[PDB]
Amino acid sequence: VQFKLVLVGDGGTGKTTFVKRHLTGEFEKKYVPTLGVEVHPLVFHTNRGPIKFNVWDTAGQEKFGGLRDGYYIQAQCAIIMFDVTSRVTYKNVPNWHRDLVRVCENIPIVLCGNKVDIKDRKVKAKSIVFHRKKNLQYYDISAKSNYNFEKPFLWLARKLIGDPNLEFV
């Protein structure tokens, strides 16, 4: 049981950091722009056996877009990430969503506001209204403090498997 998960968002929002942590437990400090895509399998040992997300960690910088929305082909679910520290990264969320759904008709998508550990947010809970307009699930996340670390995958797994009682622990 495996699913293709495309991970998208403006450059420097913490996509690779998020995934590498889930993969190995290492917190990458240096920001190194992803070149096209890094594909890595993540397995979660649930109460209903293991579920595997083949993660497509896509580039955020136009320069290094690679195949861009070519990577969305056959994606069964997605994570849109923005940086709560950077208003422009939330301003572009609607674009990321659009480019996704034009290729993946009807998939479950989680919206993540990363970097909530940083002191002064520039995008407070008040401004985060997109989940609401397009019936997505939103989470505050921090790839550094590990706030809600497993949530996006837990929610996706449930919706994907169609079982509301799925557990990770």
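Residue numbers count along the first chain shown, from 1. If you superpose the two forms and keep the largest set of C-alpha atoms that fall within 1.5 Å, you have the rigid core. What changes on going to the form deposited in another entry:
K29: CA moves 2 Å or more between the two forms after rigid-core fitting. The two forms, fitted on the rigid core, differ between the two forms by 2 Å or more at the CA of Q61. With the core held fixed, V129 shows a CA shift of 2 Å or greater between the two forms.
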Second form
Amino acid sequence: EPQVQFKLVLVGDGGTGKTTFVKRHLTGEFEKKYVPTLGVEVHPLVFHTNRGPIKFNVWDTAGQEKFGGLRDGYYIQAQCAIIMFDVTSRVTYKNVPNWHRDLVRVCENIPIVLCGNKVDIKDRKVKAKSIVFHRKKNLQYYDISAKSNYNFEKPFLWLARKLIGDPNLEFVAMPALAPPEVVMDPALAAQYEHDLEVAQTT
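Switching forms now, from the form deposited in one PDB entry to the form deposited in another entry, please provide the structure.
Single chain only below; no partners, no other molecules.
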């Protein structure tokens, strides 16, 4: 018996929280592999479902998105992807169409999740209403906070259900995660769950 494993490419502008988000899964950070010529650290994030164990091999840049775009060798053969932006910085959100264009060019029809990071910060600029355009392009969306572990499992559980072809798949146990570095205010979480229902109802 082999191992069920998928290549996942994590992309988005420099400074949005890609490396802080991938590093919450403790054992994946411990067993990571650095490949200098591709400009990547591949993290093996194992998750335990009701039908057995699965492995997401998450590709995280080495910081070469700050002064340029990514090569075709980073994208080739990916089976799924995450695009990230910061919700306190509008320029990171406006570059989302161009990250999506690269994924489509090299990989065609793969399941992709869009993530808005840094929702623990009070003065938010990009809100639920501005994500409607991306949902019409077939991206799935979640509000995330990498520092407090808010909604960490959501992107990986939606991607596992799509790939396997089972809408009733569940995780039976959570992976060991880095302890929260900030508190996710509970009044802000309830308001943002309300914003998303109002924007996407009907």
